[PDB]
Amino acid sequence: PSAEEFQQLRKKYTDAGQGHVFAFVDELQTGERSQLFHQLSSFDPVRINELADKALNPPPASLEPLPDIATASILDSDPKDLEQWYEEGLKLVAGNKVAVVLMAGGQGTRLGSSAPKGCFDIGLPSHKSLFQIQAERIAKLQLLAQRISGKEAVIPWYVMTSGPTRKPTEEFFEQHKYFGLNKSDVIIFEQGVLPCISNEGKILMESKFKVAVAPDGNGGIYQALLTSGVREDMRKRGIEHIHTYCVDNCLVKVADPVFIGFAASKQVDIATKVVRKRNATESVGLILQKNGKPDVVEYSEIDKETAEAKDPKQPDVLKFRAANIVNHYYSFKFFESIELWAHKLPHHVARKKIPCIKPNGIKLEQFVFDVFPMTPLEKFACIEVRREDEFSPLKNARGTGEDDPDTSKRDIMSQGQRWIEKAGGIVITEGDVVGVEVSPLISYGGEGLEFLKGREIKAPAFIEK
């Protein structure tokens, strides 16, 4: 950067009310001066002002459960419906019509690690990361699909990272040889980032030569699909169904055929998974009709009477019970519409402790569910699944005793032991350490374990291919 092109950037920033980002330029080495110049060149400060202004200077709801027509349930639907959804979703996989978008754009440090979350080792006997478990679920499902087609089935895995995790994520998959998946079918890409801002919308500085940034929220996924070329790559593959979820769910059923089959059967644009809210006081966001439109409402917005209300058609159960687990389905037609509305997704203010050179700051974030109320009711569906098979988020460092490595480890290992018992394996537990880790290359969802009938397994153990 010449003194001059530099001065132009400074003018742009200064005319935009963000000139303070150059306040320390005098005390910088030239390498540091370049890095600053290049990073500042990648944001439009006028764009930042507009988003900061909307978020800071912005412009009682009726709640009802989604229509019965739009909901199904692993626990409550007819098992014939469930079996048919399963077979139908597997046929879609075998057709090469199913893609996964993994939201791994997040922080991974809450755990004592500055590696991507997905690399985290929960202390399973196998020591596998989240990434590897998930890749193995993909590989086994592809194989399950191959005993239909008699042909290779491919579920491409579009792994959305942010700026900070992109290179460590690439290198992790590299070292693990893509966990036995074809390199062409694992596509790591980036969502956008934004500068973090003060309470007055001024860009925050991480260091004297570097702006503090954050990813633009999990709602940044829609725009990231276009910028990255991901959507057009799906187009070229003839993908028609897209499963999305967050990498922190250690139990995620990747590309779950039931979910795909259910949604495809209703011809929806978006579907969603939930788990059962069992007690009125649990603090979970719910998927429901807010103002006659599909939406997710934070628990703070659910008053006591609504929280406690029982389902009239099913009185043993809560009327509002669809606990959101950030686990979605989309049609490809839906992804083709992204240009028409991605500008309508608002940036929400997350107030945060952001360290910076002189809560104090804001991260601006689009929400993945903000497109739901823009979706016609009849183009939206929701399925309720069993938590103990489907949802175990890794959010806290050890010793918290909630959504942490130990809860995740026990959820997977108790699942392994259940599956083995249902197949007539005898799991013997001699001491506290409970459960058995079943490699997904052996069983995706509990199938394929007949071979264990009668055998005695000492818990803890690891059952691998």
Given for the second form:
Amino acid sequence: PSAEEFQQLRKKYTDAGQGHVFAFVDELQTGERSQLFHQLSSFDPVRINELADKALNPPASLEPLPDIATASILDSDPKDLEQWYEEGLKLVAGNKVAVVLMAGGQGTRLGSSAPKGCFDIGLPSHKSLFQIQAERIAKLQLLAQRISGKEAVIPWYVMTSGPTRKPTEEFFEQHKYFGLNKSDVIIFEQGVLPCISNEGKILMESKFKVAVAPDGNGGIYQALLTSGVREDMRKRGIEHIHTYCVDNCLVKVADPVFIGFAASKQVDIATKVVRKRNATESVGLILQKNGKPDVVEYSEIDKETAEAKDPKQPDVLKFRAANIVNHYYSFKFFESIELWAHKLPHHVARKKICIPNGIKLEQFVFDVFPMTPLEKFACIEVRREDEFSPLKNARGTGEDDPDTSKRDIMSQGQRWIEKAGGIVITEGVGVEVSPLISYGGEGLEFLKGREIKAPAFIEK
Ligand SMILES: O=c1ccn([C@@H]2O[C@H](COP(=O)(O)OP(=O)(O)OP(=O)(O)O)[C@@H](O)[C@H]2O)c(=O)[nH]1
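Same protein, different form: I have the form deposited without uridine 5'-triphosphate, so give me the form solved in complex with uridine 5'-triphosphate.
Entire complex below, previous chain first.
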């Protein structure tokens, strides 16, 4: 940039109240000066003032979702569960199923230097979360091929962000895309936003770098349009989309039961929950808030509401639908994004950010739920120990960490083997079962009668 191009950009920022981002220009080495110029040209400071103004200058009725919107792997008719599986697999076979992996988050409490998906939780195989999830895609495709005779494809749209993008692209590349075909793995970006003070002033990471953060998991909807991903899905003939977080080590990627369940209710949005078993669990819950599908924080649930027993089922809680951020969307729903993408608010996330101190402005993925007709919303309860194991904290926390994650995968593996007639001997811990061997506990008949000495790794 010329001196006059630079000064034009300094004026735009100063006029917007944000001129302090050039405060250290005098001491910058031209290359650094060039970087700040380009980074600052990607943001409109007026738009940032808008979002910051709405964010900083802005008793519900709670009922569970209606019986007609809900199901349970635990309680539903196994006949339904099996029909849903069979039908969901058919949609996979038809190449109608896509996955969006939400992998743009910075993960600032596990505090890895790498993207969370690269994390090695300590399994015998030493596989990353990325690889495990990819092998589930691979395995499910081969399962679908059995019934159809034809190749099945589930496109894997990996949503990253600025801080996550490049190292994720390099990791997938080094790992030869985990045995999937390149064309079927699509890495894309959500937008980022500068982090702001309590007074809405842009925060500086360095003298020549603005502190940025991804704009929330809710930024997914806009990012589908911007990245060109929704229209890629159009070309591919996608009709059904499964979306989850990279941190879930137990994720049933493109779960046919979930797809088959959602498709048969002809809903636009479905969700997975696990069971809340004790009233004191600090878990966000899916329910109707003011006659509308929503996710409500645990703090907003009074003692009496949390404690209430289900009248139709007195041994379990009335409000028990613990949110695991695991969603289905119809393609029809994705074509409606323009009509409401602007109706999603940026929330104030007070985090520790530079040169809790700051704010990250974030959209919430579930904020579209109350905008969605109750008749277009579904929810299925699943088994935690088969489906939900978040990597959220560093080792030594005792909760949602590498060890709980490893435990969850390795005790699943053992249990799967034991159900198939396998004899697991632990003179020592569990057994790691490769998704390339078993997606969901099937195809282990060959282990009947065999002694496996734990800890162990069953691989192709
Ligand atoms: O791909 C994603 C995923 C999540 N997020 C956003 O991250 C916010 C933080 O919550 P997360 O649940 O994503 O935890 P994290 O791994 O980011 O860990 P921390 O940074 O909180 O220490 C969530 O509210 C979501 O909106 C994204 O921006 N992009």
